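Undergrad: Each chain, written out:
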Amino acid sequence: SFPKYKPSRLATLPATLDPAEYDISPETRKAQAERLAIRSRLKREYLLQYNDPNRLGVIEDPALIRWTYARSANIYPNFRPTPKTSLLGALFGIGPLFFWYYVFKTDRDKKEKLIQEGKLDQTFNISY
Amino acid sequence: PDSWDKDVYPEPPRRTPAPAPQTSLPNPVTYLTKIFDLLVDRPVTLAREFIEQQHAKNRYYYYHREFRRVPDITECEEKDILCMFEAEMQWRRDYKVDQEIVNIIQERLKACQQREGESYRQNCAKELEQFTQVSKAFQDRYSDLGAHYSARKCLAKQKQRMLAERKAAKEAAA
Amino acid sequence: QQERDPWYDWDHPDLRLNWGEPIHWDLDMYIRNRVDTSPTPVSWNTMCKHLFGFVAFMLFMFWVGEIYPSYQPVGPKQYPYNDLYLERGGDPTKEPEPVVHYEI
Amino acid sequence: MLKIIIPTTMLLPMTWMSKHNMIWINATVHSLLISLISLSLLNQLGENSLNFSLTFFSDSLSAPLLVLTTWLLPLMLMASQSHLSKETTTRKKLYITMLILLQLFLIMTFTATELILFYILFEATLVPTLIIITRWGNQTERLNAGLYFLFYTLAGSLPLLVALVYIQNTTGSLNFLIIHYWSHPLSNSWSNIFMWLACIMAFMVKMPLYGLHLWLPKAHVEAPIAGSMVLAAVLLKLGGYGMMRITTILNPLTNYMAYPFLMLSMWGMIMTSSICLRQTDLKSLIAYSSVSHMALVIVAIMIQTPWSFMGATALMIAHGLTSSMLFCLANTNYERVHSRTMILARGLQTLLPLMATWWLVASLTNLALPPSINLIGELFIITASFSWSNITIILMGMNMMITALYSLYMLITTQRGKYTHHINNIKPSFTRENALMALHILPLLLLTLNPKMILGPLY
Amino acid sequence: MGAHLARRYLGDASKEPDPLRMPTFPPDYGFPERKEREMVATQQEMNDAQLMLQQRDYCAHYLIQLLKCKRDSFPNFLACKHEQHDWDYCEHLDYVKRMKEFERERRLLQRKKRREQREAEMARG
Amino acid sequence: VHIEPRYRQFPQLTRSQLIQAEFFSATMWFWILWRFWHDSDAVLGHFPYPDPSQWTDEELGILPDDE
Amino acid sequence: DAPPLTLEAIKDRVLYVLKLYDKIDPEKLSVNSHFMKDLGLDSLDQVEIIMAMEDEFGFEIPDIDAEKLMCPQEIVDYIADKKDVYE
Amino acid sequence: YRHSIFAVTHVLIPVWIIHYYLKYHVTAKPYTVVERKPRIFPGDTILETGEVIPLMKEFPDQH
Amino acid sequence: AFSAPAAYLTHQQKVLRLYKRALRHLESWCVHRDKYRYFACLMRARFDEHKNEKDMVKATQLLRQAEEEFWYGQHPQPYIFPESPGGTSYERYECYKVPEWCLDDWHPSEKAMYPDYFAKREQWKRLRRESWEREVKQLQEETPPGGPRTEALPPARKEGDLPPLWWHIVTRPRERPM
Amino acid sequence: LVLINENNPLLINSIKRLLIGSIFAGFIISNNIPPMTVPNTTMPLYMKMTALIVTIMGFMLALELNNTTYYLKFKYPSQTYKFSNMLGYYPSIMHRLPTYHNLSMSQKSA
Ligand SMILES: CCCCCCCCCCCCCCCCCC(=O)OC[C@H](COP(=O)([O-])OCC(O)COP(=O)([O-])OC[C@@H](COC(=O)CCCCCCCCCCCCCCCCC)OC(=O)CCCCCCCCCCCCCCCCC)OC(=O)CCCCCCCCCCCCCCCCC
Ligand SMILES: *P(=O)(O)OCC(C)(C)[C@H](O)C(=O)NCCC(=O)NCCSC(=O)CCCCCCCCCCCCC
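Residue numbers (full-length UniProt numbering), protein chains in the order written: chain A, 2 to 129; chain B, 2 to 49, 75 to 200; chain C, 83 to 186; chain D, 1 to 459; chain E, 1 to 125; chain F, 52 to 118; chain G, 70 to 156; chain H, 125 to 187; chain I, 44 to 221; chain J, 440 to 549.
Here chain A stands alone, though its shape is the one from the complex:
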């Protein structure tokens, strides 16, 4: 029939085409009810604080605080030297350095060879 749509990581699967959207178990309905209950509880708390007339300031967001903490200060305590981390770190932190070193050293060696052989167009190169 119609050509199928293949989702990617940068073009995800639409909800209307998700197979799980048309196969609803009774437990799925109670999961959705629990999710709505959690959202409603959080919404009620935020709205009460928001509409409080005596509140002056910023409603601190525990979720935002957890996010900013986990992004920076929680990374090193939870890092372990593994083969994957070691290889990725060595690659991403050493390979570019030596690649650029090889490129620049080769270029400058060729330039110096031309300078010594005296066949490089260096006229008008007054500023250096």
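If you are wondering where the hints come from, they were derived from the structure by calculation, not from laboratory data.
DSS-like cross-link-like pairs, simulated, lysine-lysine; straight-line CA separation at most 27 Å:
1. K106(G) to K92(G)
2. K112(A) to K162(B)
3. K147(H) to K83(B)
4. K163(I) to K151(G)
Using the hints provided, position chains B, C, D, E, F, G, H, I and J with the ligands relative to the given structure of chain A.
TA: Using the frame of chain A, we list chains B, C, D, E, F, G, H, I and J with the ligands on its own:
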């Protein structure tokens, strides 16, 4: 004008063709030039005349500093700090003067190209040769001294160049 | 957040987030000003194939047109004084190799 | 130089003897007067330096740094009086005393004529900075930040002390003039390699060099506003000044020993710009921008050409002013909402118009926008690096693109969009804050008008 | 655009001319007495008129006359039709001369092909 | 002038805008026709394109094959 | 820029559209008539009515809110509140 | 009156200041203002020296 | 936007949303009114053809196939109202929306420029402050012990009360503020 | 609700001023500038008329394809139509892939 030296900053004689109109139509450029002279040039000339009259009542003069020559780093003994200081200061002043010489030649080149316009490739060959020679000499003198350049480093470079020239001459004569 | 629902009454309408809900680790890159992962009318693989095919075909045809150029049934243009020897910066002292153009 | 040193040592007793409510007024007024007096040092000679005495001398490289330090002191006073309202009188006076001591040490550091006196002063600058950070910082991480800053700097600088005393024993003098006139080439040997390494590594840690830079985010994020202003504006310039001074005696070994540092600086410039792209904290974003710009300055000093040194000096001055302004703006936002997260407060353009204008101007200068001195310095460094090699242009172009990206991203995130609904304590901007931003920004444009004053001795 | 491209690409490139190498035959090959082209405008005249180097071809005198006519009657920018037509006609004549050169090259090439084929046939037989 | 909104009806127009639009369209067409009348060579060409096949081998300087 | 809306104008326009609907008898159509209890339409008809109102007033009604607009008075109130009409 | 005040200020004062600056300050150092030299055609009268640049030779006129 | 969402969309809600989306995209394809009316009538004919279906499994499968057909045949660039989320005029006036808490930080001279507005503003503030305790009491009386199971709020059950959590809904910025 | 109104003197005058240039400015500008390029006086007639012929062909083909939109016929879009309407898929891929990879390496790696 007497503001600058015509020999240092040459300008070819200006050949402006005489107007030869062929139509009875009025010239808007001529009319607008007359308007510009009447409205702008006369008031600015009067203002400058007043300013120059006020200047002539308070005429005072300023002078150009002259530095007598001093022995150079070749004459200075090894680790003779005072002679080295005098020679280094003299070399720095000479470096500045040479830079301004190159600047003057470059200004000549630019002005000549603009003046010649569409025939610059042929009519600016005279100024291109002078610039080539001056830039070549300046580059050989001060090409790769570095950020911490000094009279000693320039002298060492000159010694290296002289040794190379002597070796080349000997090889050619061989 | 682009994939998130635009008609819901979010606590933060611009970011499309609610107060207190867990925040995705990569929220800094999934905001509406940045990387978008919303579904497209055409599959990603199909889009990549079509774009790559178009650009590769255009490059190939540019090279083919370069090796098979287009011109007119005319000979070279002729210039009076040794193909304008002096006008193009030639040396007045040296004598150029003469270039002569004949009537036809 | 005593006409500038003594008024600071008189700022000390005046601050300690003034009334409890006149301390800020007196300190600000007399700091501004001292800055005006120090403006007279910009009249330099074309041949040599200004040799005041056997102890202090001034050059075209020292003069703008001194002017920047003296001008930076009153701005730090204004920010401090913003955030130290409830402090006791004695602690306010101690804070002002630490700032005054830091300024005095910096002045004598930039004007010292011997390498050993320069070392002593530039190591003495650590104590007031450490006390300020670890005492008046806000958060818990100020202690760890102080430890990192202190031990990085000292581990860098101790081999420098050993190398300096060794060089004095070898040559007879550490006076900068003598070692410039009596300089001799450095042979390619392991001993010379390690002397080169000792000196350069001290100043590279002070710069900082990429891979030796973690103390910079740690200290700049966790220091009070005055500490952040002085750390980025001036204290990062001690490494550049030292490298521009000591490399007289390290030739021709610098031609061969500069490869690892050049590669580190270029790649780390790219890496820190990319890090700035994905930062959840505003102060961290500004700190990593500082790291990127100082990496560019390191590249300039290492390639070591007359066009690179002018670019290095211009970029140092421009970065000092711009980073100070950015830190002040971030601190005003923090004082509004008591948090450093970038996405917590938005719509600040529709809530605070003139602050949005200041943010726009500061962010425009943070990226190289012509004809600002930031662009002048960056362009000179890029041109010298191009003459050095022709792929440095690739790296510099990538860095410029990412710099524009993260600067405008910070501006768009903080200022544009819709305001956060629950943040209802954003009072209108104070005349003090607006005046602080104006005093940061106007001198930068004046320097753009007159650019030969900050291009160094090589001009 | 044209049939010559079709003949050269989907045909005998040896018989069709090469624009980048033309001419490949001596100018006097087939012409007993051939006259060199006459240049009216001198180098000094063209240099003073500041004609662009592309405009300093054999039709330069008409261009100089057109420029002088345009400068003199400035407000009336429609009073140089005769000079413009003269310059255009000289350019047209130069273009047809170039076309004649191309055609001569083409038929000389095909005559050379016929001659060499005849020589090969004679050598074989 | 104030133009009242119309609901489900053609909007109210003005004699001024009507005459102006007509005048400018007529101006464009008059200009095109007037320029085509005077200088039509800019569209249809001015000089004939020669036919190379009609050029004689004598005037192209081609010798006979045997010669 | 455009003239401001009024409650009477909104009511007139919604009733105009509903009277131009064929499935609705114009005589028995009042501002309190229910689309299904006393007009005899169904879900698809209500969807079409909402779409017609969207086309009429030039703005979109979200599906979460449009499902509940079961009366011309409800439509008038919703549009007035969304467009900030108080008179 | 408004247009008269606008014209004198906004146009007259800047043109006065700029003409004064150019005539007496900018055109006092060499090569600051460089004019492309005028085009000289055959049969012309150079006004500086009263010189007569001669006409071109007789064209081989066609039609 | 003004209605609290539910936990899930029923089959009727799903099919009605699909019907509206298909009608909008069909209108995008069929630009002209007569053509759109013809094809919209045909589309509603298909929906009415499948309208009566007792088998919920078959109805869900029909919905799934219809959704796949829609995704294949959707307009790549459908018409969006200017003020709608995808529209060109979307969020244009968000920079002009200023809140009343920002209003109360005015200088006394600025406040004196509008003597009558701020009297009514003070009246509104008094009304808000006199009702918050009753609002919170009403909210906590009617909530289940477990917590709010939905995002809907109750009305004012008493003669002198206001609906709980009303201030920001009532005082939200106008759609064209400046 | 028809709010169509274009009787503002500002709008009319600005469009009038830019409308005179779209008719006459080309003639004046081309006839007043000096000749800075050699004209192509001689060329085949079909090459002289190439621009007009292709313009007229585009006019006719586009007009016919637009007239076919009135028919009571419905057909799903083609692959070529999708490629043309969606900007050649360039903004999608080139604005989602490189940005995602750069922003991912900016945090995961650096
Ligand atoms: C990897 C390939 C790389 C290729 C690189 C080179 C690219 C060259 C492009 C050539 C031009 C393509 C034109 C069409 C593209 C857009 C198609 C589209 O969707 O349009 C809908 C769009 C209508 O949009 P809409 O109102 O939203 O309606 C939606 C449709 O109803 C929705 O209905 P729909 O979806 O059925 O509508 C599209 C349909 C209807 O459109 C057409 O039929 C357009 C036909 C245009 C004219 C073609 C023939 C020209 C004949 C000229 C004869 C005289 C020559 C000169 C010499 C005369 C004296 C001897 O078109 C087709 O089915 C194909 C048309 C031709 C495609 C050419 C490219 C081929 C790509 C690779 C092969 C793909 C094959 C499979 C297709 C996909 C799978 C099914 O069309 C237009 O607005 C106008 C269309 C074009 C009008 C101008 C045509 C003339 C100018 C171009 C041709 C050259 C003339 C001569 C120039 C001078 C030479 C010296
Ligand atoms: P009202 O409350 O009466 O609503 C009646 C409903 C529909 C709720 C029924 O009570 C009902 O649920 N009936 C059983 C289920 C059912 O009818 N399902 C039908 C849904 S899909 C169907 O069969 C019709 C879909 C066909 C059209 C698909 C659209 C594809 C083309 C789109 C192209 C977009 C651009 C042209």
